[PDB]
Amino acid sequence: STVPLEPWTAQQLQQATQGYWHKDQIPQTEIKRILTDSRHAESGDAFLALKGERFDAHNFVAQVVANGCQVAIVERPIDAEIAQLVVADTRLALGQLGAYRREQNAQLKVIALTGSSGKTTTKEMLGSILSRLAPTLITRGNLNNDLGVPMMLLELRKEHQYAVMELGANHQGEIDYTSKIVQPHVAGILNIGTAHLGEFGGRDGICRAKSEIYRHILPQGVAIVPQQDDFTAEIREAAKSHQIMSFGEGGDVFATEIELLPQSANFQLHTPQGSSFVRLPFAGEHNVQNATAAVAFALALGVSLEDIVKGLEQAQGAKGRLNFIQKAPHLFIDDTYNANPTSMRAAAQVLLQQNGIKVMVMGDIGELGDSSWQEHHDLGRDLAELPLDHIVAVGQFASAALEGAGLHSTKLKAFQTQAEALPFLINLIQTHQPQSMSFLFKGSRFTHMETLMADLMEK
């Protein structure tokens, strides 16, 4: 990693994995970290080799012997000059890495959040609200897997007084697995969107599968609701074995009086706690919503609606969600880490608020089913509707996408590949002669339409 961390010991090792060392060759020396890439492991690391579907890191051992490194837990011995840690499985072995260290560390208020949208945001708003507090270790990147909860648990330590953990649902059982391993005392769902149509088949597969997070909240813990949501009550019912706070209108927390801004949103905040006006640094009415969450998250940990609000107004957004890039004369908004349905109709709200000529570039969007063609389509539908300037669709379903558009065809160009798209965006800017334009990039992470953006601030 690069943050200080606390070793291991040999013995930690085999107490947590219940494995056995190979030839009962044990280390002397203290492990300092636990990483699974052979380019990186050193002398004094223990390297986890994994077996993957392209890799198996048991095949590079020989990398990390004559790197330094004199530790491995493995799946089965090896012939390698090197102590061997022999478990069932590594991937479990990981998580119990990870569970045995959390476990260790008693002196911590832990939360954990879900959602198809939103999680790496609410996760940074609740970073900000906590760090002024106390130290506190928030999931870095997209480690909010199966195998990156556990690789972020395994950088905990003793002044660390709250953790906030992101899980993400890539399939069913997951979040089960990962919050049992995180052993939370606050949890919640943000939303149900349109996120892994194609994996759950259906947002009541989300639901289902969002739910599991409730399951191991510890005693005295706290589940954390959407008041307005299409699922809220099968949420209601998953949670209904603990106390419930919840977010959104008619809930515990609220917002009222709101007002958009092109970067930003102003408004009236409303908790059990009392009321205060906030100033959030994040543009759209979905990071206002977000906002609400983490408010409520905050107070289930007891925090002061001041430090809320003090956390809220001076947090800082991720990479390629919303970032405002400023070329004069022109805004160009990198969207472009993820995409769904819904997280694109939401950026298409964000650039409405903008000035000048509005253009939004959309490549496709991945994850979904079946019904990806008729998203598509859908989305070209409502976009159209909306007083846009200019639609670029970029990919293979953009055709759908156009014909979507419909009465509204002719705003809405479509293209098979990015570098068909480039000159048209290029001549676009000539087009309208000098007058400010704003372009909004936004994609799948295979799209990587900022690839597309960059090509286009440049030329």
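Residue numbers count along the first chain shown, from 1. First, how it differs from the form deposited in another entry.
In the two-part rigid description of the change between these two forms, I244 is assigned to a different part from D334.
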Second form
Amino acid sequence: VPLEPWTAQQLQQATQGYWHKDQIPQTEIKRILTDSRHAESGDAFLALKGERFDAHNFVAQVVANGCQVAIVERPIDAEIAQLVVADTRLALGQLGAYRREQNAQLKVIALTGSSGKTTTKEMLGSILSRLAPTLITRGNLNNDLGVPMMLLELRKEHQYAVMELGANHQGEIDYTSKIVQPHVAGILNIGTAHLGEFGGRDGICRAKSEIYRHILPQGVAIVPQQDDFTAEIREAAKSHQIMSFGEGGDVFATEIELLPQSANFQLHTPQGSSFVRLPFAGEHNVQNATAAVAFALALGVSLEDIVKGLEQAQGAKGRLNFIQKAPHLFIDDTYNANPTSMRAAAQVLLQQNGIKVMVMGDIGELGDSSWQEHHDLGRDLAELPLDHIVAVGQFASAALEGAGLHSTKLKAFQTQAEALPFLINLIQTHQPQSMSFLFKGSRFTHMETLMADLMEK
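In place of the form deposited in one PDB entry, the structure of the form deposited in another entry is requested.
Shown below: the chain alone.
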């Protein structure tokens, strides 16, 4: 915020809807929201429906709260101006697309990939915000509804927009990218497909490849040079000018030095080279950095400004955020977690100093291997130079059993409420000594709360 307001005319024109009983708002709309709990005077309540729910059911609530404007699929019997449209989900997409179009001064990026989307997006935001007002995706608003919701936040001051697209299924990326109308778009990588997921990895590649379809004239397609699908992705982008990142590509890194909380490397590009002291840890973040560089070069940003942007960029919440507290270290890497990611984080914890204790949560999405996965993990993780391995969750016992000849190193737990005391006690268990805490786990375990609860102590 703030938000550039809408006039009744603009709302009507973008959706081609009609004002119920000719009741046209005489004041502008300051905001368009879908949450009936927050709609107030000046807002336009957009009623969405879906699997087992229909926000049209809550229109009386926004009316009671002062809201006098709503965007609906069917006229409701209540005292409120109503812009009637055929489909409110499509109308939302049209409102975002219309605002995007009205902001002709924008240079737009759209990116996707199986991993590193948010990090790369943050890196670009850092680079571009140094130059001019820039709007980047917030949180996970990267789907059919999220993308347009973000575009509603565009303002005349914005010169750049970095839109993250997180869809993985056929036709989804075409939908959101068409709304976005990017000048530069591309794919970071193609990961693994869900167990039994229709299409497999090939399906993810075809889905994400839809991101090249609506690149504007004289635009640029960014492609990953080191991915199992590089050849297929290059073919999909053949109708556009191409720039690549990764080994053997246009933008790549050499002499990488992985430091405890950062990474050093020599950056190579068609616009020259430069050393980079990247304030992010791990090789994956170096790869994300190279992608950000390619995306930025495609927008005409100088190499000098790109490096400056990278060196002062900050990671997203829950993505390896180093929090130093007294002689103790707290690495908040709770955003999400998977098979690999969990073992990778363990290492980063090792590269640190003092007493290493990895507070992990449930890795949620291994259907039946939830026991087998956590079993082997706790086995290999407890086999590392790690000191203590606190495991919280329903499959925490699966890790304790897997520990095997390392059961004295791992102590399972069902809840944070039960584990918290163990960490507080384990703190003094080592008297005044430095300790490195690394909190990981799937998004639903919200391990950041436990970490916050332990730090607030």
